[PDB]
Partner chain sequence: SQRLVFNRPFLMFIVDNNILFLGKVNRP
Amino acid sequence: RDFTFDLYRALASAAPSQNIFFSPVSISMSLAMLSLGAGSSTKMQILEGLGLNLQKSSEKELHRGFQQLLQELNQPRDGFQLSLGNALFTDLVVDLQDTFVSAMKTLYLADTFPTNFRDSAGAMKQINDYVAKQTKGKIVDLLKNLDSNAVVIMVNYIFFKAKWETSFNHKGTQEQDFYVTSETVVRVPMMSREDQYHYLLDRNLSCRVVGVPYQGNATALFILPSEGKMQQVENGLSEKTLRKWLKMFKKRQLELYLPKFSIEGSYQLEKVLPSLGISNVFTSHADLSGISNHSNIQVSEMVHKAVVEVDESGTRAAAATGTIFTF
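In the form solved in complex with the partner chain, what does the structure of this chain look like on its own?
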């Protein structure tokens, strides 16, 4: 089980030849928080879906790791911007378990806000405005046509903005053909810069890997499969593969041509996660006794929205995951 890449493949398979874009950490963090109030088989599926084994120590480490990450981000980044946060919007009628609220505040630094879900329009405005603010206007209207039977919405957001360590020169950007397929061509602004880059020719998966650094410790990795090998590369993606690429990188001089682009992803994860074995939490048989003792509580949907902008100066990326609970 490989969470990030099994999820990637599920999304890719659900929408062939389409752009794909999401934040693995936003979703994993959301699932980890969800597990705090899950029980029995419902919790089991979530932990196994995240790639954990049956050891209690692994569960403790899961939360400890995320708590450490959130605390680390409370310190100013060096050279760029990276924000990650959580919030619970709960209706006054809802009675959350003391332990769940405490765990959310302590482990996930979650914000807690009262919400009148009977006022669907008002609830959407409150939550969407919050998400937009936290993502500096990049994630707008996360929630659309809200159920109205909603009682709690758990939100995770992530915002990233960084300048390339070395920018592309605007005078080096020219219109070029982009081959979606050998027969489908689209015109795109193609940026370019000759420089030394971390590079690797992966003969196993058949792709070229290039690392492009951001100011700070973050980096972008661009993967170009050989002709006709995108499916092969997608099938081979894994945590191990990524580790291999990052450690085997070698410095090489390249005249790099990369398109200036902006793409996004909008998903109803409740329809996708069952592919990773996470299904009970979305049913009437969900065991969410840890979040509320109220009967018939389940997750109606888990919406994810992610966007990215890549240009000559750098990259801006953001995402949010809204987990909606109903009675």
Given for the second form:
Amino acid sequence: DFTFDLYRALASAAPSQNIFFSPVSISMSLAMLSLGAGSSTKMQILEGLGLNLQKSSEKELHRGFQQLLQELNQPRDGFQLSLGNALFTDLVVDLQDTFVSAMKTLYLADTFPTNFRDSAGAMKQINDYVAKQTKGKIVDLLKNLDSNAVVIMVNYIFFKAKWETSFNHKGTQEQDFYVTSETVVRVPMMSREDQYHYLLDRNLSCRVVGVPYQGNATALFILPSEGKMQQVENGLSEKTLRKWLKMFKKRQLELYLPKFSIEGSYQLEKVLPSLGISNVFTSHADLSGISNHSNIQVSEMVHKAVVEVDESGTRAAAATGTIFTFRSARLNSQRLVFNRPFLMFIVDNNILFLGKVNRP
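To complete the pair, please output the form solved without the partner chain; the form solved in complex with the partner chain was given just before.
Since only the chain itself is given, any partners or molecules it might have are not part of what comes next.
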């Protein structure tokens, strides 16, 4: 698995830490990059994306993403999704019009000649570019920039959508969240009893619940059994996802989910090589589709994903202006409380987001 092996790579590199990235967005930038890559550099990228038998249609691959981008970029109401890619290339590097054209046309991405000789100027231009493309949601992508950089590739994505059903601000109270058995933090816990797509996975030992967004996206929160986080991570795979997308049944639940913001920032040139994509970062890189200039390669491939989660939804919890019972108070339903590290997916027909919430 491209996506899940990448998740494990990132996880292994930063134990006991939050992880968060966009799979679709990463595949998108790699395909886009293959547009100017040649020989073994290109082939490593395509196989990494996993590319059909007969090494068939790359243009079909670009068609898919091309359409996907369009659908993703079409506004709704209270749906905030900013995603994009850009290539910053040194002044020496003469660009190929066929590359620049394909990038803008197919992926809506830009290629900007840049003066990396002025490290501090380039960093600010890049950060300002992203701050604007994100309507201010991602303001300081790069934290440092080398003077010898030749080409910087940045991929960014910010997402915030209204729940299909809201969380009553009256159900939010501070509560303990156990990062570990001995590390505890107070967090504002939202709550709402309702019918949710539930799933008990005895194989991996974890509970999965689905919460739909006011649109076409649905959040999946995975709660491992006490001490089973590593096991679950070891079990993550596209197959498993398919499996889960079937076991899903409606179940009355009193859900307790934290209000939180989560982000991941990565230098993919330090992890992708372990997944088989290495030539593109070396001096032996083949980016002849991009320029005829020798000695060029991707100096840095940064990726930043940001997502905010809160009460806001489309409609308020309609009800029990029907609560019938002789009891003083109705009894509780099954309770699912995320007050220990959990995993989270945000999926449409693809996987927009994948991460591990260790500390809200």
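Residue numbers count along the first chain shown, from 1. Superpose the two forms; the largest set of C-alphas matching within 1.5 Å is the rigid core.
Q: Report the residue, chosen from 200, 96, 220, 223, for which the CA moves 2 Å or more between the two forms after the rigid core is overlaid.
A: Everything else stays below 2 Å; the exception is 96.
Q: Superpose on the rigid core, then tell me if the C-alpha of residue 150 is displaced by 2 angstroms or more between the two forms.
A: After core superposition, the displacement of the residue 150 C-alpha between the two forms reaches the 2 Å mark, so yes.
Q: Core aligned, does the CA of residue 73 move at least 2 Å between the two forms?
A: True for residue 73: a C-alpha shift of 2 Å or more.
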